[PDB]
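A single protein chain has been omitted from the complex, and every remaining protein chain is retained in its original position.
For reference, chains read A and B in written order, and residue numbers begin at 1 within each chain.
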Amino acid sequence: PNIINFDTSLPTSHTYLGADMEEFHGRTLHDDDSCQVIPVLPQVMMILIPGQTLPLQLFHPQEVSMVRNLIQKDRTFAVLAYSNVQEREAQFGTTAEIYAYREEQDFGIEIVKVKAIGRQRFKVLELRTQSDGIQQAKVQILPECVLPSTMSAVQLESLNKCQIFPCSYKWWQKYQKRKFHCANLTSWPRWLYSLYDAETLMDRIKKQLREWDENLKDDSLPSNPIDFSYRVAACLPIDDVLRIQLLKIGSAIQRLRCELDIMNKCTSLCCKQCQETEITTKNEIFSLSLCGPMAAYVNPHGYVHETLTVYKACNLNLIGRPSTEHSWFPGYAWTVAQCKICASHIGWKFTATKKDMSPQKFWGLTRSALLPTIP
Amino acid sequence: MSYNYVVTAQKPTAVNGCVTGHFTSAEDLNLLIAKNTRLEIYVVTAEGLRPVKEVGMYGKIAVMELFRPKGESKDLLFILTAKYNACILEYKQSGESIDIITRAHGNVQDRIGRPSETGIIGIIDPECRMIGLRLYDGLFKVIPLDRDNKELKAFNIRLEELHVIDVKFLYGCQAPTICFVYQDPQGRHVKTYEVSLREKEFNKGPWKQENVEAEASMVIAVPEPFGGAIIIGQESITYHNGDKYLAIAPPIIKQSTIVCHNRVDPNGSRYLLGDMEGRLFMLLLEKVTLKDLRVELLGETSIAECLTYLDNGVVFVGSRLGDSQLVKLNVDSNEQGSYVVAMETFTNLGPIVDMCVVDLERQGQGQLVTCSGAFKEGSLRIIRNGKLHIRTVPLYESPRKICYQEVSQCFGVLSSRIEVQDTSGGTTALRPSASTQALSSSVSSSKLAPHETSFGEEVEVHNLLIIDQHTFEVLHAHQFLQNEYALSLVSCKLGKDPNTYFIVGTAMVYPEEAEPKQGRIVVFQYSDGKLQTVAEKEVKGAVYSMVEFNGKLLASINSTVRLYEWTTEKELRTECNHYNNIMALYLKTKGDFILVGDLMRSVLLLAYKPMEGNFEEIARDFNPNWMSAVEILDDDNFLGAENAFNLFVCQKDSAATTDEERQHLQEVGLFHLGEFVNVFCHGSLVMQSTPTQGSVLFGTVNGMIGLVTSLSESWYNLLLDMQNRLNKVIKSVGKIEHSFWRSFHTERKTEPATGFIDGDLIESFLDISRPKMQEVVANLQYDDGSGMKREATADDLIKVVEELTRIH
Partner (left out) sequence: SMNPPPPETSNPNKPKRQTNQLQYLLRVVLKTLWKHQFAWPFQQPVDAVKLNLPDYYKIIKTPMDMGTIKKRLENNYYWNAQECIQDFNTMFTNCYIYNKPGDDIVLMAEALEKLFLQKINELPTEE
């Protein structure tokens, strides 16, 4: 725990990707249910979530050519969500809009580093590999199911003038009693419709997030339920099938409900290979980055790891000396961490360089090697 | 693939609006009442009311106002529907043939726009210069009232104030001016804007923006010679008019928030006000300009949805929660200190929250026992056909569930009342209700809270009432534990036990725990005039539903469905479980098939395997929409009601073709009802060679009751063609398309009504004239029952419709 003087903005900039990139201020958004023909990247094996920052390093000449093509066009590519990762099956996915690129010369081979951001969910209609080797995808955009307030269907026309509202636990009971009055007309009570109210679910998630992220809910967290649900899903350390199940959800109410179910149920994080080897707990999770405790980063090899930052970890051997080369958190040296039983790569132990920093040491675990566990 | 038939057995009796004007004649005084999808016109006489006309529109009346532009002889009626169908109608009478004509009609639904939280707000300028509509946030629609505007064309104006509470057209102005109340990060304010028809824009009002009460809600436009606006909230009734600023704060209104109002004197000297609990206050204005405001307590009426002053001191009170009232206002109070005397009472069945069917009097003659009303207007309603005889048993507390037990000749009814924190310590009621005036009342014994109580806040207390079937006395009133909410109720015999029991499911609800993690299942027996607790079982969640399942107890507990056996030691023993992705709110059964339903339309059909001793998933469907009630029609059909007053029917395929497609429930039936269905239940009200198979009644929020039954393919096709031919010949009130009315309409998508026959349209065939009958039957020959094509005359379809009317 302790306190922090690190400045949580540097992790989101991905300063390790060379100098200042060519940032773009535009944005392209397709229509709902509209079909598009989008190119897919071959080496990307991540399940992308809207709003999630995605850095990438591509050196293959085919990849660099496709990157140039996209830079000259609408700057949008498709990231597949693989259900079976080995056979290249894809039923769902998320698009990503490139917002920074950097091709580097005075370098061995021609390489390009790109910062993109997930945009819109989609269903995979057709996958066809071209003669080039790169594969295109005919794709249908999936819309956001924004359902209205459940009381609007049973609202009394006399009470229409009461539906606007000018120690925190009494204000929420006042809210529940005033907004869901007409619930007496149905077969269900007010507290039941309080479980399907996006604002109450958002407040409960804000409560569970003030444990990890010390930033206030004033400016950091969005106010829209869909943006809030996606931001929460971006930093939920779960395994791949759970992330796919969460991505299938259309109604943001159901998304927030499932996220609260996960946050209340799963408490321990174990090794995905061991299944019975506790690595850490939900308590030790803290946010070193603005986007949350768990964000996507890229290594020199070009692989993408979703690093979750925790204060303490258990049952981890440390391999090798610390190193500062290509460190995702400047001012910290990483050290490879393996499971104490199966020796699988769990993450890295980041120790501070300067002795006046805080925290002096923390852990960054990759999501793909973790497994949620309830007692 | 659905082949269903829905009919209205009882029209909606709930009142959602009432006005007074001169609609039929310039000398007659007319009272217009809106019952959702019904319009009732009356003439005010010295005795009371004289029924002149009742019409049925193809839309839920959201706004209803009378007005008279300079040039006409009598008033016209502006009407808006929930689907944004606007129209202006006139009354026309020639001898005995009355027909409501359509002066102007049109759709005003925007292409883009988020519907506002305050809903549809429609106002009319006094001098009849324009109509202002407030539908979406930050957009004020204006419909000019010139003689050439028969399309009802309109234009939008931009609002810098996004969160508008209420708005009124002010009297006594050269230009049409609106005065509204809004909110911003600073607080709540009131402001005025002048609407320009030349520039189609806003101009600075006559008086600037003032800061007002934090809970300022209602706005009242005061007519001449006064002018200005009155702002009413929870603690203050203020008045603004240019330089005039007058604020009062009487403590008599602090107990309950005022909701509706009406004008008494045309010049604006006296006003009636109704609050939530049902009280009626009088707001007096003292005179060229205002001198002071005064608020007196007139007395206790029904929980008013709307109010209107007739004449000679007679006032009509339209109540959706309770019965409609006509009351008298005396000059001198009576003995208890109340200026109110009830003149007449009209029945109101809304809101129906549960019901059942019993063979009370005759055997075979079904009768419907329903829970209706809420708070002091709650009651039981016994309905039988003779239009429909309805007996009322008042309860003065809110009923929630009900079931019938034959061997005991009585009913079990879950009920809830409101109490307040005692000055010392404990609770005290507001009125003596059924649970506090029973011949015997008990409390249960605990078998298992920090930051206790507050300063006089409301709390709900739940009871189980055993009520005789002959006398309807509250025989017993068993009170449940503190902070315990009763949800389900079933009367059944279980296992090899000959005793019949009342089983209740309850949840331990706390403020801090949003999701209840604690609940009970209790089993009572009633005999010899006393209730004893036979069995108790603790569970780790809310018992949302319970069902009699072939002699066992099928109970839902949050995200779990469990089966209980009845042991020889009279206990509840778990046999098997099933852990779902959703929380099981709705539970139904037929044979071994089990239906599970979530609030967001998540449906799951399971099957009990008797040789395995476990549950198995048969099918499931996930489509997000707010539900309200579910029902199993037959082995393959499943009916349900969802958001925007819509019904739907899903189907499964037993044989089917592929392992993947066998686990899907197709969306085969869709229909727009106009009513929020709260309860489905099998039964029929007619004495038991019939085209229909099955019978499921359903109760609604606005007091409407309906019946659904399946059909055959040929009969469905014939009735659909009949519906088309009848739409092409019948003149609609307001000129609204029937298919547009019955179209499954949400704000996200709109599709036509498939797999459903609107029984009201098929019934209206008998009302029209014989030439129109010959019009409809002309060139029919859609009979596909024999195998070829059989013709159809007028008498054939007359007899067909008569037999279709002989099912309710």
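Convention: a contact is a pair of C-beta atoms (placed from the backbone, for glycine too) under 8 Å apart; a residue touches a chain by one contact, two chains touch by 3 or more.
Only one of the listed residues, A:73, A:210 or A:326, touches the absent chain: A:326. Note on the undisplayed chain: of the listed residues A:1, A:108, A:166 or A:375, the one touching it is A:108.
Residues of chain A that touch the chain left out of the display are 59-60, 107-109, 111, 300-302, 325-326.
By definition in this document, only the chains that are shown with their structure count from here on.
Contact residues on chain B toward chain A in their complex (touch as defined above): 16-17, 62, 115, 117-121, 163, 165-166, 183, 187-188, 214-215, 217-218, 257, 259-260, 304-306, 320, 350-351, 353-354, 374-375, 398, 400, 454, 458, 485, 509, 511-512, 514-516, 585, 599-600, 624-626, 628-629, 643-645, 676, 678-679, 701, 747-748. Residues 145-150, 152-164, 166, 169-170, 173, 177, 184-189, 191-196, 200, 204, 250-251, 253-254 of chain A touch chain B in their complex.
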